[PDB]
Structures are given as C-alpha cells and as structure tokens.
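Of the protein chains in this complex, all but one are displayed in their positions.
Read from first to last, the chains carry the letters A, B and C; within each, the first residue is number 1.
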Amino acid sequence: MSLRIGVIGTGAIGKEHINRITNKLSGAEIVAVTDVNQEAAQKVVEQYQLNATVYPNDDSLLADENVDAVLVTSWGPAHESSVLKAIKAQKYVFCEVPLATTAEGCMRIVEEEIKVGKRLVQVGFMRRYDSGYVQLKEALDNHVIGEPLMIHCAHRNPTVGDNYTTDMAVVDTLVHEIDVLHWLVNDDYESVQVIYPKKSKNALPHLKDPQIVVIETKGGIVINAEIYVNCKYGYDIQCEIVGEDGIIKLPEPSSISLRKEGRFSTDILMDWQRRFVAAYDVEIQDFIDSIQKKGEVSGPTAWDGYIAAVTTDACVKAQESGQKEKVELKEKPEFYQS
Amino acid sequence: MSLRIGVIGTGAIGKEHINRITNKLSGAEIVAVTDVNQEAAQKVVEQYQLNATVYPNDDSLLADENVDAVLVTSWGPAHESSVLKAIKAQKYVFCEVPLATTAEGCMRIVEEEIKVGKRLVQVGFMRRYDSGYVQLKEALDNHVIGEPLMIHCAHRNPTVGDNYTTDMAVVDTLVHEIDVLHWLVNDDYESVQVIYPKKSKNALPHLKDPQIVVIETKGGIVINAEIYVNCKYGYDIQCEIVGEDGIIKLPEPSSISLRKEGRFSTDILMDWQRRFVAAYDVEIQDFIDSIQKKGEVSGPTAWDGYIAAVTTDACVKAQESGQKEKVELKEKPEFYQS
Amino acid sequence: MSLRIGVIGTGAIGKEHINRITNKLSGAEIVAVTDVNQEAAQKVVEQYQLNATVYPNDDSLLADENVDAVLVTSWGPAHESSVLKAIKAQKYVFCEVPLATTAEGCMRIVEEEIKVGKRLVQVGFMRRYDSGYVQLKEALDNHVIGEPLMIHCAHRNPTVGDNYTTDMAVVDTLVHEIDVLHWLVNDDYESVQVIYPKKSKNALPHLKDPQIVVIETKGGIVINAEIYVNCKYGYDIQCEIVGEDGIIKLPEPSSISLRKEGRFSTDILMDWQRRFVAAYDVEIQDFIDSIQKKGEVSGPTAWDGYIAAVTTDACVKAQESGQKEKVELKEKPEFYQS
Partner (left out) sequence: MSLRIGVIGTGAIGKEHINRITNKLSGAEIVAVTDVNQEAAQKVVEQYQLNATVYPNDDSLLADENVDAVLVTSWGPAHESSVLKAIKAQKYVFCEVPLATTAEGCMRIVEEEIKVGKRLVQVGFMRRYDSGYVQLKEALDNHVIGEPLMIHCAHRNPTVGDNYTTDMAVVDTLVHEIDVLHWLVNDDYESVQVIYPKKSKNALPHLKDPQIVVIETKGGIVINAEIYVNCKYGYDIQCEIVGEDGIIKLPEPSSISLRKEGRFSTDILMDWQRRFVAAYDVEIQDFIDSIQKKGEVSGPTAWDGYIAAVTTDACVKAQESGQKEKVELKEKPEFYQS
C-alpha cells in the first residue's frame, strides 16, 4: 500500500518534492494539496497530473482520513503552525527547514511530539543523507581518527541577490552546517563568535560578506566556519575534521578531469541546486520507508530543529555584538536519544 | 498508469531488478514472473511481496495482455529466445547482457525489430548511464578536446573464482568497455589484437591474466584496454581519452580522504557490485520513462548488442590466434541512426 | 672570487649550513669558525675537511680581514650579540631564526643597520624560497584571486619531546607562518587571539596542544592558524588563501601515488627535516649570489625579524590572557621598503 501524502505549500520547494515523489521515488502518492493561493495549488495538481484533492487550508487537508503523512513546504514562518496541527492530527510530518523560527516555537513542537510516544516529525536537513557526509559519519563512528578536535568548514556561493542580508548568512545558509556538524561528532554547541574579514568587492554595500563563525562544542571541539556568499568562482562546500590521530575530508562532487591549455582541472558547480540533488531523493525515500517499516520516522528530529533554531539565534546575536555568545540548550530528552 | 512489467528469469540479476522496480523507482509494477524453476519464481513473489502471477514459461507470460513490458534476466544463452518472443508479442523488452551469444543471433533480433517500426529493445549496458561516462560523453559532444585520437582504459578486479576462464575476460568483463567506447566516440571498431604480459602470481594456472586488448576504430582511434582480474588491490575502472587538443578522464568513485600514519588516501572499492549501483537504477528508470513519454525505448539498442557480440567474438579469436583480427560489422541500419 | 664565510656557532644547524656551502652550493668557502666550545669547532673543521681558522670568539673571527660574511648559527639567545658585532665590523650576515629574542633587540639591530646605507642582514626564514610559496607569491602579485580576504593554514608535527612547552608552539613553530604570511599578502598584523580546543591524548599533561591562533592584519585579512604538534600522522604544512574571486593553495610535497589494498594514496613526510631541504639550499645561494652581484643581501630582512619578534611576543601574551592582543609595530622604515 502506497503512503498517502498531503502537501502543505505548493511553491517551488513543494513542487520539487511533489515531482520526486510522483516521478522518481517508490512507495508513496500525493493525494492532497493546499496552498495559501488556491489557484496555485490547483495549477500544480494539473501540472503534475495528480489524482489529488485541493483543500482550502491545512486543517481541512489534515482532517482527510485518507491522508497518512504531510510535507510542510509553506512559507518559512508558517511551518510551525502546520507541524503542530499535524502532530495533533497524529500524522507523520516532513518539515522543510526551519522547523520553527524561534527556540520557543521548536519547544512547543517538541513538547507535543514527546506525548505521542513515537517519532512523527522529520526535519529537512538533507545533508545527513549526502554520500560524502555519510562516509564522514562512518569514519567517525569507527574511530578512524580518534577524538575529533577541530573542524574547518566553508559554505561558498558565487553571488547573491540584492535582498540577501547579513543575518541570512547564518539563518538560511550556515543552518545546514549547524545541523550537520553536531550530528557528525555527537557533541552539542556551547558558544559562537563572529569575525568579519575585510568586505569583498563582490558584496553589496549593506551585506557583511565574507564572515567567519567560530563555534565551540561542550566537549571542546573548535569549529571555524567560513561563509562567503559572493565568492564568484562557484558553489562550494568544504569540511575537514581534524582528530587526534588523523584527518578526514569531504570529497569534491564527482567530475571528469581535463588537461587543456596549460591546466589540469575538474569542474566546480555553479548552481547550488546541483549539489545535493541525490540527498533530497534519499531523505524523502527514508521518510517513506521508515514509516512503512517501523511506523515512525528516522531522520533529523524535532530536537535537531530546536538545536538549529537556538544556535542560529545565537549566531545572529554574535553578528551584532561582536562578542562570544552562549548557546543555551535544554537537556536532550530521552525521547530523542539514539 | 504504472507500466506493468513481467520478469523472465528470477535469479540474482532478476531479483535485483525486481527490488529496484518495487522498492526504489517510479512508474512501474511487477505483475508477472517466470523462471525455469517455478519454485524459485514463487519464492521470489513471496520474498518481495509482489501482486504477481507466476507463469510456467515465457510464452504464457507474454500472452498475458496485462503485461506491457518484460525484463529478460534469464540464463545468458537463453536471452535471445525470449527477446524474439517479446518482439513478436509486441512488448517492450529490457535485455540483460548479452542480447544474444552470436552475431547471427543478434541479427535475428535486429531483423525482427526493424519490422516493428519503433524501438522495443533496450540492452543492459548500464555504463552509459553512469554520471562519469555521461560527463565524458558531454565533453566529447561539445568538442572540448577536438578529435579523439587514443583511449587508455583498464578493467581491474581483485580476484576471480576457479571457474573464471581466459575467454571470460572479454566475453563477461571487457564487453562493457566494448559497448561504452564506440558510443563515446561515435566510431565503429575495425580490428582487435590481444597481447599477454607475464602471468600474475595471483592468477590460477589455467587463466591468462592480465591481458591487453588493442582495438582500432574505422576512423583511426587506437584503444589499449588492460584487463587484470586478479589485481588484488580493488575493483577499478579507468578510462582516459586523448584528443587533439586535450585529455579527459573518468573520475574515481567519490570518497572522503584520510591523512593517517604517513599516508594521504582515498578508498578504492573492493566489491564490483558497489561501482555502478546508481547506473542500474537510472537505466531502468529510463526504460520506464521513455516508454511512458515516447512509446518507445531509448537506451543501448539491439544494434549495440550486435556490435558487442561481433566484437567479443573477434577478441576471443585474437586471444587464440595472437594475430590482429578484423571486426566485421554490417552497416548500421537507418532504424538505429540517431 | 669565492665569498669567504665565517661561521659563528658550530652545532647541528651550523654544521648543516657548512655542509651545504662546502659540498652543495656555488661561489663561497668556509674560511673561519668559532663555537663557545672550541673543541667542537675544531672537530667540525676536521669533520668537513675545511681550510679554516678556529677562533676563540666572534670578535676575533670578525677582526679577520679575510672574512667577507658570517653565518650566525649559535644558541638562539646569543644571535643578537653577534649580529650587532657583524654590522659594526661591516660584514654581511645571515642570521638563523630568531634575529633577536625581543622586539627591542631587533630594534637595536635595525637602528644600526639603517646607518650602513645598504642591507647587511638576511634572516633565515627559508619558507620564502620554497617553490610552493614562491608560486603562491607569484599568483598574488599577479592578482589572480583579487584581494586576499582570509587565510587558512596549519603546522602539524607527529610528536614532540618532553621539553616542548606551550609557548614554543608559537616561538619555535608558528614563527615561520608568522614571517611568510605577511610577506605573501603585503599586509601587517594588527591583532592575535589564541583558542584552545580539547587537549589531544597525544600531548603531555603540561602542553596545550592543539591550538588555534587567529591573526588579523591591518587591512582586514583574517588568518586562522592551526598548530598541532602531536598529530601522529606526519609532518604537514597547509596554507590556503581565499581571495575575492578565487582560492590558491600550497601543494603537497611531491610523491608517487600508490593503489594497494583498497587505498589510493600518496606519502606524507614524517620528518620535518625533509620538508624544506631545497629552500635552505636556495636561501643560502641567494645570500651568496646577491652579495656578489649587488653588494648587498636580498632575503628576509632585519625588519622581518622585528615583525616576527613582536608578533611572537603578542601570541605568547594571548596564550596566557585568553584575550585578543594588539600587535604593536613601529612604522616600516623606507630603508626596508621594496
């Protein structure tokens, strides 16, 4: 029996997930949609040739007893409301980043989920499903390099639009690093500090770019995360983990090599949408498969969403203060302990 | 509407394809199976929880008007018979390598398909769907290196069983190179010659390993293909194409790097079944999608199967003779021209 | 006419330079030596078969009118005294690191040299002559990456002895990075801060290792320098410079690659004495050649020694304080301006 999925929010993000579920992945079907703009939802049902009911809002969609699970892919600030409604309707939910805009919002979700007795919520941190990050996690789990001590990472983007602001470097961009790193080393964040190098000619007058975020974990791991969103040369993710006895490093995306006109070279991606395509497929397939096999979801958790929200807020605070800011995290509930 | 697929031959190969269709890919369902050993087919239906009819033979399966397409994954020498039956029953067919065991067998299939007026047969040369080979093809199509002049490639395997014989290096192993290279450079083979270096200590007394196959295309491209099936260190595919003005090269499979105990290193796969997993998925998804969108298949063709059979026979002849042997190919029909 | 060189200090360092001058390089001869322990100097004259006078002290050696130039390779704290004596005797001088132990000591040398009207002093920062660093400097001079914005570097060592202390990570080890970086980007240091990750199991109880030093230049370049002197895996120098429009990176020392037992790998050096052998040769040959061609030396200057001493002191201060410490540098004299 195919998992029957309703989609809340049919913009670009929702459309891509609908496409993968309908045309690429196994074991599920889109049976319902809703968008703030009903005309857009109807258009999407036609665009993708869905056998799907269009609902005026998420309450009515969630009341459809033929809906087993939902994707929350609406406007970012609206995610939290739908997640809470889904947990109350006892439906599984895949929520695109962010889970909620504040630590308090994530806590509301956490408290409601912990009542359910099983995991309903998976948050869309797709990097955990990227084959490179999976290999890193495997090496760490096997103690290949001894205790991790330091992490050097970078998130670089060729250019950004006029609307991209300083806070977004952490809130929209670094949030992915924020999730993946504490997962990799099984250690929680203690503090963050932001340092601004000289501003790049490639950045608009209002934007502070590049920036360096220094994050320390409770166990003493020191992370220096470079964010440079106008680096011109490409879209580029780098991550190196220095352990006691060795060093592991995320690979480049696969590319044929070229010898030509005095250079030996490989491609660097220009389009961020080409970097993690496979991970988005695998994360949604895991959502489907875990529900079918286990009756509960298995990816990044509501708690991970909480960690990200708390840490993002602290980074933005540090962007403004110039001081080292504490990351104040509640103790992780046994409900979320591996 | 899902494509309704029948499977002819439910051994290890058939089981893997059934698994991908049922659990990984989109747009198709296994509705029927048959195996020489009916008990094995029944077991597979139960193993994979299929809603599928077990037929005693391929004729009865092909007579099921609810079957739209078939996979031919039986014993190698039996492939040809099922392919011919499917073409006569006017069903689309995906045939695992080889299409047929002789040039004449492939010609029988070709002559029958060319009557149909559309392409029914796709042959399982999965390498054409590997992202690395796709990148190579793109560079060549874009004339990045000018005219290809020479190709240096290698197919290496850690060790083989007692039953692996000299002819199999070409028939089972090099056949994949044989298909992919002429596709890459759009040029047909003219001659082959086999040279034996000193025998490896890692090979059994009966096996000639390693070997070098030199293949020349009608256009004058010279290919030197190394086959070494007891190389001990890993499973390894290498391909470098030297053009007039530059050189392109297939990448290593993606791997984190490690600095440890005086070495900077990446993984080499040990298991050949881990090398092309993604390509098998993509090739079958293409079979499904092309039938749905175009009403005809789009992968390697019956003609490609013919080329492989003719070329494999010539290589085996050269293994025995020590001389340069002609690859005698009929002119490619307009039916198969891009 | 060969340059006639006297050596002040015939320990291990002095012996290596004597060896290169006598057995490897062109245009100079060792005509005189002195060591605190006369017996050791005499032994060295015999060991290397020198036609050289043994002097009881540097004053008597410097009074030898057949001495054109001196190497100062004595005990570190004793360097300054010999350098001042040589400048007064108007002899060219190559001084091993450090020029002097304090900013004030380097200033004494600077003030005396600036009177001479030509450059007499070259300081032994050999990295500027390493082919990799030379390539980096060339790219930067040619504006290949636009303005440098950030530098990520590392100085790693397999293990250290019981006597190696926390301050030495900066004074003995990072001093080389300290010299090379400001030279690369033509920008002076403004501040330093030290951050301690969790201590490595590989470090002795008294040693803080690893450490991260964050250095900001007056122009706004941010440098994060990792020092890890018990990394176990090898001796390893890494340097990446992120500019506005691209990124350049120091290469690995040259090594054949190996495919074996499931790994594709290159060597990492274990012995720090194998990393910069060529640079030591080239730096001394430059000392010889510049004196012969220009009548003045051309390498790292007394001023560079001053920068290093001031910066090293500030790092050690920051190691203790945990705060960001200012690097207070006098304005660079026109005497030292390119």
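Please note the rule applied: a residue touches a chain if its C-beta (ideal position, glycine included) is under 8 Å from a C-beta of that chain, and two chains touch if they have at least 3 such contacts.
Undergrad: From the list C:43, C:108 or C:259, pick the residue that touches the absent chain.
TA: Touches the omitted chain: C:259.
Undergrad: Of C:247, C:268, C:291 or C:307, which one is in contact with the hidden chain?
TA: C:247
Undergrad: Which listed residue (A:4, A:137, A:208 or A:260) would be found touching the missing chain in the intact complex?
TA: A:260
Undergrad: Looking at C:139, C:168, C:204 or C:269, which residue reaches the missing chain?
TA: Answering carefully, the residue with contact to the hidden chain is C:139.
Undergrad: Hey, which of B:6, B:98, B:210 or B:253 is the one touching the hidden chain?
TA: In the complete complex, the chain left out is touched by residue B:210.
Undergrad: On subunit C, where is the contact patch with the chain that was removed from view?
TA: 22-27, 131-132, 135-136, 139, 144-145, 245-251, 253-261, 266, 285
Undergrad: Name every residue on subunit A in touch with the hidden partner chain.
TA: On the subunit A side, contact with the omitted chain comes from 232-234, 236, 252, 259-270.
Undergrad: Footprint of the hidden chain on subunit B, which residues?
TA: 146-147, 149-150, 152, 195-202, 210, 212, 214, 216, 219-222, 224, 226, 228, 231-233, 242, 244-247
Going forward, only the chains that are shown with their structure count from here on.
Undergrad: Can you compute the centre-to-centre distance for subunit A and subunit C, using the mean CA position of each chain? Integer Å is fine.
TA: That pair's centroid distance is 45 Å.
Undergrad: Using mean CA coordinates as chain centres, what's the subunit A-subunit B distance in Å?
TA: So the centroids are 38 Å from each other.
Undergrad: When you check subunit A against every other chain, which residues touch at least two of them?
TA: 245-247
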